[PDB]
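Here's a solo chain for you in structure tokens, the form deposited without ligand WZY.
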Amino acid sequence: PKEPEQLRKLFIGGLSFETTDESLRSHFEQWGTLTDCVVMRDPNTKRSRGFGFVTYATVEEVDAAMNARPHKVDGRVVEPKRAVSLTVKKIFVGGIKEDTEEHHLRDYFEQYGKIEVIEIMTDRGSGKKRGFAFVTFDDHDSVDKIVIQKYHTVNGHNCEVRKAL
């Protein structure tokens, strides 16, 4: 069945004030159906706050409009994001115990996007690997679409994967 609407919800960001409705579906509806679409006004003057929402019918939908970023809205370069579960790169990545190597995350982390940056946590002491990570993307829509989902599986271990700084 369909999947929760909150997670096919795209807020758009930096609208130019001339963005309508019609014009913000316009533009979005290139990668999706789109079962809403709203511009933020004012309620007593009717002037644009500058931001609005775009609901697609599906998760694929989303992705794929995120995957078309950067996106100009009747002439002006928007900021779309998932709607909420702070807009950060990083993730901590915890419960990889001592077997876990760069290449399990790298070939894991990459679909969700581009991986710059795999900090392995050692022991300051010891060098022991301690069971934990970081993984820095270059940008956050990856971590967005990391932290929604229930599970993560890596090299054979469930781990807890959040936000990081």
The other form holds:
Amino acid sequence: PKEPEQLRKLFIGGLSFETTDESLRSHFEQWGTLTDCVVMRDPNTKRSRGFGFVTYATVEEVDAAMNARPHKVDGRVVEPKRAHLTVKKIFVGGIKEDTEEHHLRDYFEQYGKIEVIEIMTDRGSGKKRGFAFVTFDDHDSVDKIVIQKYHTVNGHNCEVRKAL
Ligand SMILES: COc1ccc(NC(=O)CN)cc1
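Could you drop in the structure for the form deposited with ligand WZY bound? We only have the form deposited without ligand WZY so far.
Below, the chain from earlier opens the complete complex, with every other chain and molecule after it.
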């Protein structure tokens, strides 16, 4: 009944070298229960590697943490990412000739703030080619999208992947 642990983790980059397991935990526990929280360190010197990870009890807690960005942890703005090809644009395929901008917008706007929707048309005829690109203002939207098993838009079962 628990979501897979991999989907509950956040890799936190750009840490202050002074951040510890304890201070990273105290920060990120504001958005959920942490089942794990570790700062990566050198095995010999114990000096921070500048990144670490936190594991929440649920995916909704991961979402809450991501929605609370930017995170300033021990004085430094850090870079959380879900468990990286960091892009803001998706390819959406399988939408056929009847899918319009509003179909894509109404669905994808619940993943993130949309900046561009490009419904692809044939260079020669202008007919729709059956695929589109959606650009968001931030990569987490795409990360949430591509881990779903299924996307249904305008009644079509769509293929969605990271784009460039
Ligand atoms: C920034 O854009 C969005 C960010 C988060 C959500 N929803 C959730 O996080 C729901 N748990 C939707 C849009």
